[PDB]
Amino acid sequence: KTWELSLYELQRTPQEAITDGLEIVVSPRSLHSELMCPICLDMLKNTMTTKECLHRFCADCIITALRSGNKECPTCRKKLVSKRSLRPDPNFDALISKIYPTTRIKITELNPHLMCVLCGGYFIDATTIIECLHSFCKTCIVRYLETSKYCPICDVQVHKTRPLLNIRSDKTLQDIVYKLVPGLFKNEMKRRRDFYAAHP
């Protein structure tokens, strides 16, 4: 895939964090499409992630379907490499252990799981390194990988030559951010509209 950054993506401004503690509500019916396992229909327990498509399942659930199936992804029906294609998602389990309830949550407890260490703000076009499952903004990690072939956090090697081969868009994670953070999807889409209304 061409990781070309648009005119907006080159001059993109971070989405600043909301330090002033706001409490957001989380219903069990909402946030259901991203936190439930599409095999057991329960919330993810010991989350596993596919390197080819970034789809999350339970550790016991995905292992069951692979030993008795076509070694495909149960969601997108893409071909696996049968083994060493599944890496556990530890930072995803931490996010699950924060939001399993039906009460309201302080955003300051959720910010570590929704912020990019490269821009210092919320995730916009969340991209994930499929080797260590560390997520950043699309503009941040692509801008970053022009100079380094290693992860900004755990410092593992992304790829031997072309680091863009081992990154992938994390649509499931980005959908959690736009739903948790109020008005983020509205502000981010207006930022793009204001830019293209002044640079036609």
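Only residues modelled in both forms are compared. What we label the rigid core is the largest C-alpha set whose atoms superpose within 1.5 Å from one form to the other. Positions refer to the first chain, counted from 1. What changes on going to the form deposited in another entry:
- In the core-aligned comparison between these two forms, the C-alpha of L31 is the only one from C53, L31, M43, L164 that shifts by 2 Å or more.
- A displacement of 2 angstroms or greater separates the C-alpha positions of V81 between these two forms, with the rigid core held in common.
- Listed in sequence order, the shifted runs between these two forms are 28 to 32, 81 to 83, counting only residues present in both forms whose C-alphas move 2 Å or more over at least three consecutive positions once the core is aligned.
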Contents of the next structure:
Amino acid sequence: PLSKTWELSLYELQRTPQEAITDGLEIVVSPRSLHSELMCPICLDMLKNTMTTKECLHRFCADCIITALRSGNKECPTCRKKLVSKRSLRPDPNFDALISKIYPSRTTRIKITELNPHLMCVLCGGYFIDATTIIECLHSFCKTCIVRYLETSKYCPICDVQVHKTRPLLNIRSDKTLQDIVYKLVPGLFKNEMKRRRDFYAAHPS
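Complement to the form deposited in one PDB entry: the form deposited in another entry:
Partners and other molecules omitted; one chain follows.
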């Protein structure tokens, strides 16, 4: 049920932000390879005018997925969930902005401060951890941050559009693709977060 899906763990109830790297670090971008999270799975090029399925948060070039639906096959090409029409998609300017910085229409080093705005939760001011996306407007937050926020508001923290008339948790989804590209881009973030969890569970055994 919904109550179990978004119940926060003992760790999650006390978690604190993963603070941004602001020291001048540059990350390495390889020539002639893509991060697969930034690749359209239909045309196999970097995403162009990214559109994202509301139900399953899968990304495609706008033209690729609109054309795919005109085959008559009304499903998501990535997971095969039903996809009624292009109104089941939303524009993803965050992915577009990330791509424009990592793959400038082609440098080998990128300042992580240039990427940070696209990888950070505005509620805690740190990097996304268990990124979770409001499906109507495609704004994203840490799981714990948005779950706690929606206990006292039914409106998006960023754009203020009502998430749901009565139960906002119905209209959020875990965003694996966003969290995966965050962990791939931010050095040490996955390692640091898993260490925090291990340290917590060791201090609170059961």
